[PDB]
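Got a structure for you, written out below as structure tokens; questions coming shortly.
The other protein chains are all here in position, but one chain of the complex has been omitted.
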Amino acid sequence: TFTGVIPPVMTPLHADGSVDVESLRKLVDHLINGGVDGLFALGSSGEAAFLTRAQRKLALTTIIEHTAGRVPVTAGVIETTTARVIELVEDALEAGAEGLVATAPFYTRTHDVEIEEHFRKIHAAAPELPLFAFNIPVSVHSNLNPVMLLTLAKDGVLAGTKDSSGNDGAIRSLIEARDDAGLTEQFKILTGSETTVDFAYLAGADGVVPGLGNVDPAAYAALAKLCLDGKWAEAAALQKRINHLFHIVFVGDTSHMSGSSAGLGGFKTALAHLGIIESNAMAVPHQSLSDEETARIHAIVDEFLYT
Amino acid sequence: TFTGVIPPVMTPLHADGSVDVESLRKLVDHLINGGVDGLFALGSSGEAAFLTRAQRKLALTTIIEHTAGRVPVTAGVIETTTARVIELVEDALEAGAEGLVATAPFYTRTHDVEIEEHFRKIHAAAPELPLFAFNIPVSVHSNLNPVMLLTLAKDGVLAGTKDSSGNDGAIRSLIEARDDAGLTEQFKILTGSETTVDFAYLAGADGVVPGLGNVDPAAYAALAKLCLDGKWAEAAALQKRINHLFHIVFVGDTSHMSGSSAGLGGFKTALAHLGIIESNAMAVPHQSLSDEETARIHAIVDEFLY
Amino acid sequence: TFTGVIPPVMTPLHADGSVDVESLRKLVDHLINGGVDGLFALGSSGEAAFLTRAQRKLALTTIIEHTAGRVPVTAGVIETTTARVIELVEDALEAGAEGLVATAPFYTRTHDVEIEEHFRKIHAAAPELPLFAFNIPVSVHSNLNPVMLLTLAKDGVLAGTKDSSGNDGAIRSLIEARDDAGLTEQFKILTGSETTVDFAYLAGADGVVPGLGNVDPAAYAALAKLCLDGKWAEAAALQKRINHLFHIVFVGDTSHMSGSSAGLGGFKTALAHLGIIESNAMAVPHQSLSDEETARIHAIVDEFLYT
Partner (left out) sequence: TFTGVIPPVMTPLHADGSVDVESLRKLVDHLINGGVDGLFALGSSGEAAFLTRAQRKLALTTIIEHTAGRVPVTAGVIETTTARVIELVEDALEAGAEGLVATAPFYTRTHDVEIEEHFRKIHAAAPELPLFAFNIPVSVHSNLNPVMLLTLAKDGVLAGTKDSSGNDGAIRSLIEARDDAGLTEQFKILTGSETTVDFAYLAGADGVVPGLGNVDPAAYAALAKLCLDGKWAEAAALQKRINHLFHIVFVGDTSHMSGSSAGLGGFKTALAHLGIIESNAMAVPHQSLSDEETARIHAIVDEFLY
């Protein structure tokens, strides 16, 4: 179900910090019309860690209802530990999600044994939905063990992984190991990279979950097509262009803001400039970008956007 | 006033994973009767990260109502980011908490400027309650900047800090800076250490928040008293005894379980052995301790308890 | 001068821990006959951190003398701080090295300012030799700042970098930034990856410094050729084969040995099996591989060697 270009949908906000439902609908259309293959609701690029449980449910329902079956929707169920995650799986089921995306436990100290039990219990709560393990060491401070991942795949517990480690050699070793084990169809491997998607496809990955795909969905859809057609030199040239668009995330001055403010902020500034969302408002405690910063971001978008 | 010995209350559970309210009340009594100065509900040792919001609210109300004004109760509001933390501040207000304990944002990438804003916004949600910043880099993966903390203390936003960095030198430097800045009364510094409480007090800390104090509250109360009396050599001797009881956290085999399972499992095993709580049950996905592991814990408890 | 396939030559040893000069000569021939473009003497795969200064000088002179001008030789000058490095630059000059390879300071706490001064002083000691900065965070615990690297390149202080960070996205951003700055010819970027060389070339890297290229030099030379001819699908297939040969490094049981023992040990076991070196002896305090381990390694080499 979940292969190809699957952006982690952003959550547009109003200045009061509420979900901008009408902007979220327009963003959904932007993604779908840009040729994506699926949507991942309630990921990190969705500000899931910033939204309340009620706000998550509204965003997820908004995305599902507006998508209207055009592409499949998977739901993040990111929370510190199993019981809390399983509450969110209940929420996702109620909303009509077609997949789940969970990380290892976090805040708490964990262990591969406990990570394994965690995934098994989450799958048991919704055994008919494909569960993907989201490998995001920068946020959870554990790396998902590839041997564990493949055992769970064999057991029908995991349908795949979204890998945002930034380690292309590790993702490549995982694809090789999966293929060697005969688990190619059973375990989809999607990169979270925004800048090395060509590489992932060249190694036989199944797709990509790129936050920058909110801004330029058609660029990623075109890149995937070029890779699937074996047009590698062309793919690398388009990826280079994408990588220059990505400079929007480096505009914000991180001497006084987090990489989240600068990066998600850059993406939201780009979206507002293109008239897809009303505002670049971010959840507390994100820092605002300056008028100089936003002007800079606009110019980059005008230069390197693919459409 | 949150000074002195202020344990982070555990959450006893039934085998089914539900909050055991009856065992929780007995634990509260055990602590208060052991001479503690306050209680910290919904900390890490309380399994706050494992409890649902609804379970946390049941644990918090259980502790506040059973305490019945005997000592003050501060509430953890541990969540990833500001809006989610403020929901829990509202819950704490509804329950009648007398203080708040919050960490930096986590999951998300953060920055000192955002951490500062976070604490300002939390304090704004409940400005009548003392807000303590909880420095726990092992869990949140940010270290709270001591200059920021003292800036917030001066502004009336923070009442103190609970420091579980495990870095005694850094905690000492913070105390010294606080004192040199004239903020001694405004900003209470409590150590989260279980094994270096005497050192904290020698350096002029205001108290301690020790997980092991759930098992042996009277030992920590006695230790604090020794320090406040200036009986440092006696304090160090008692601390050494405490540090041998603390071996209960090192019994669980961490080749197949997390440190949380061994450490919190050890404390709960001790508690059940002492008859304070019904079961050593732990929230999913913690691993069970074996009957051998539990028997070794019982032996340590029997030898080293105060 | 230093582009293409440039293996970090190993140092064969005898059981007494002395340099096996006759095996080193045979290894040099193996590399050169396998079609490499250059040799990097006294790198990490050379056990430079284990050899005494006298032993380093012997290995370096042995490699230079035996190479007999067939391909160019660059010399590692790895030491904790500037003055110590500059002693080794004297040694390299005396041996007739054609290039230098230095890391940031280590053991000591450092800073980008001090890293910059360090490279400037090393270059000033041998201004006619191309100096490459070796980015190896796992060993020196600093990451070389790409802005610093390009400023030094502009200033004629650095000729290039050998990047063993394992971060393909970072190396790609560095290549893009170099190209954007107009520094393409002035600053050669070589990957230390053994498993993502195709990716490096697809992004426009200048070559590769692969330890596994000691074992299978012709595989890497063939892979570089395939990439330079634009034969990307073929390159990825050969890289996959190379990546299975690489399993030799995962045989050793790291429950009782370092990754150095298992990995360099695997390479030396492979070399001895192929009859290129006399023994798989490693420097103290490396742990020996077992007879079961060595048998395993032999079987992998027999299956996946390219020649």
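Just a few scattered comments:
When the chains are written out, they are named A, B and C in that same order, and each has its own residue count from 1.
Throughout what follows, a contact is a pair of C-beta atoms (placed from the backbone, for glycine too) under 8 Å apart; a residue touches a chain by one contact, two chains touch by 3 or more.
In the entire assembly, the chain absent from the figure touches the shown chains B, C. For the options B:196, B:254 or B:279, the residue in contact with the chain missing from this view is B:196.
In the complete complex, the hidden chain is touched by one of B:53, B:172 or B:298, namely B:172. Considering C:31, C:150, C:257 or C:277, the position touching the chain not shown turns out to be C:257 (whole complex). When the missing chain is restored to the complex, the residue among C:61, C:110 or C:143 that touches it is C:110. Only one of B:243, B:279 or B:288 touches the absent chain when the whole complex is considered: B:243.
Touching residues on subunit B toward the chain that is not drawn are 166-169, 172-173, 176, 193, 195-196, 198-199, 202-203, 230, 232-233, 236, 240, 243-244. The chain not shown here touches subunit C at positions 17, 44, 49-53, 78, 80-84, 87, 105-111, 113-115, 117-118, 121, 138-141, 254, 256-261, 283-287.
Methods note: only the chains that are shown with their structure count from here on.
Taken as a graph of touching chains, this assembly forms an open line, each chain in contact only with its neighbours along the path. Centroids built from CA atoms put subunit B at 35 Å from subunit A. In this assembly, the C-alpha centroid of subunit B lies 50 Å from the C-alpha centroid of subunit C.
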